[PDB]
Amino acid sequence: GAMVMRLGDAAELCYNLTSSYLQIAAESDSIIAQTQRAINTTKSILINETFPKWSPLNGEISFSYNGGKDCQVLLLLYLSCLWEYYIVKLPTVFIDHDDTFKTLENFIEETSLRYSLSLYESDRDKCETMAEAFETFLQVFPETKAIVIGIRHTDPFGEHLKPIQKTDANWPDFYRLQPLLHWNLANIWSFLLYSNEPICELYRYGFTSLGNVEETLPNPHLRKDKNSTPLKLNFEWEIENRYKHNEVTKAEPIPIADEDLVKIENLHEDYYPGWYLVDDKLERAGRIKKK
């Protein structure tokens, strides 16, 4: 049971859950309303600024997908916008690394099958920079004009970015399409939880940012401790009223890899899941101390 949707069914599903989220009753100072506003901005960037210029059907656009929560939100929104643009397999690139979490590798494969992506992966056993990996990608796919990237302004290297922006001089020449820049961490959790799509299950165990296996720990701000003030959940409504699937769209979480559970159990500590963190400044706090 692999939870596979043909691309059109995936796009329609994403349109429907996004539309459903936009119909949620919320007040003007809520996280849900802020997320609705962020969705509307993303939709305008894609439908008004992107698709009229570059074709998402003929290989002009590739989607950079790394399995993390930001890329996943953006992929759901991108699929929704394809459906909206055209009605109302997908070329995908993953820059792989030798120090990626196994659960994340598993999740990228599972989602490629779920959403009918056409996945290209760079070679994890080659020592090369991201720019170099993308140069090789462009040799394989020379028709590529633009690449969708799921970065936010609060991420490292996120400050000096715009929604439509040519690449750096040492990259292959393409336009970066960056439609998620204005999203905040709380918006990411709200939408992802409401969507009821499978997500990388490391977040369930207290990770808030999936860096590499050597540096990344569950977030210490989420550690359970009798003598801390208990954390409160900001996403109760979304979780309790999450989007209901049907026979075609039915899915399930996939458990973390055996090796990742061993690493988490060896900590002898328990954590709230990642969606108990809403401060963007602390997203990357779960990290081995280095000199």
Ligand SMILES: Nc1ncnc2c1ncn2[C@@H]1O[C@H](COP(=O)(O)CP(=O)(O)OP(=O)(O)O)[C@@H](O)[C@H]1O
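Residues that one form lacks are left out of the comparison. Positions refer to the first chain, counted from 1. Throughout, rigid core stands for the largest set of C-alpha atoms superposing within 1.5 Å between the two forms. What changes on going to the form deposited with the named molecule bound:
At a threshold of 2 Å in C-alpha displacement, with the core superposed and only residues shared by both forms counted, 1 to 4 is the one segment of at least 3 consecutive residues that shifts between the two forms.
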The other form holds:
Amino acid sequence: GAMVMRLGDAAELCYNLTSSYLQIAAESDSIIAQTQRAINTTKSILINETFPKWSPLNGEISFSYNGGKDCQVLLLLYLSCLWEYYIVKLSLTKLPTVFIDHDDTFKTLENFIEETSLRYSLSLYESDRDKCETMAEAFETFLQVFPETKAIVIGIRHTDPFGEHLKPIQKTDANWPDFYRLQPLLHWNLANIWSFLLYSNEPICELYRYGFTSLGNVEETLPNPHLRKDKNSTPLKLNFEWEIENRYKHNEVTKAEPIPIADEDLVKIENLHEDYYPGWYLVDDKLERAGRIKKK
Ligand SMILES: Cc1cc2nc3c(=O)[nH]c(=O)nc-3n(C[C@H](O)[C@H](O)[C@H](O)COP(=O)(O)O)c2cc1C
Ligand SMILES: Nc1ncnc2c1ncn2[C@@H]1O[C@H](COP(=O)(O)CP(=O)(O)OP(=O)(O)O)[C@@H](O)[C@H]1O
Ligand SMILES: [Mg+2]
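Same protein, the form deposited with the named molecule bound this time rather than the form solved without the named molecule?
Zooming out: every chain and molecule, the one shown earlier first.
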């Protein structure tokens, strides 16, 4: 449209695309069916266990966001649940959001966080990228600025490093500033993330198109070697042709347009002299972090 969506437009959009996904007739042994189950579990955590305890309206909840596929899927679900909770169940101009910036963050990701903060009406606190501090330390500063904060939404999954023992709702550790971690994406597998994200028709970080499946820092992170194209390997098959073809249609209000990667990231991807399937050709969680510079 001629104007960016208001938060109410964004939340309603997320509710409608999520309801739509949930309406797909899928076989019980399918990725989509599993993803529908994952959504319903997420919803229940937000609507039944989170929102009755902490207000998503008054700053008590902040949303941790760094433009990655997982926090992005979680954001869409969170926005969906806000609309469901207040409009549909009858139980704010911007969403309180926190991003801890670093000096080695991908430029494409920086641009994506900028672009989506506008699209999703995020009220984004951004830590100083040029300060040398731990995440804990950045979050302690954040909490001094917003001492109303009781809880923070995080898009961590069980398959992530240190994810095994995590719970949907739990306090931070002794060495962190004191708040509840709200972790409603824990049960999501990689195939579910891709399925829902491609069906959503939301713009996603362009690094994924170029074979990245995990976004660490600019030095350490490579396109996934399991996605490298070659003439003598069995070619990879796409699990998400339907979701792409049938992705959630937009109108004038909800219309989005595509962005190429940052120029400097394209350069590093050309320098490689290898080509890759996009990230959504990887559905094996064990291999999600395969694309990393060898160390030690
Ligand atoms: C909002 C939020 C809260 C977190 N709380 C904890 C925590 O209490 N304990 C923990 O081990 N990791 C926690 N993490 C994950 C860590 O930040 C990550 O695993 C890593 O330890 C941070 O690296 P750094 O300490 O070198 O900056 C949290 C992450 C986020 C985004
Ligand atoms: N620098 C940062 N600022 C704010 N939140 C962050 C953060 N780093 C991590 N998080 C939180 O921790 C969860 C996992 O972090 P990341 O792996 O860095 C991005 P992602 O969304 O998981 O996609 P990725 O797995 O493709 O990198 C995120 O969903 C986000 O909620
Ligand atoms: Mg992740």
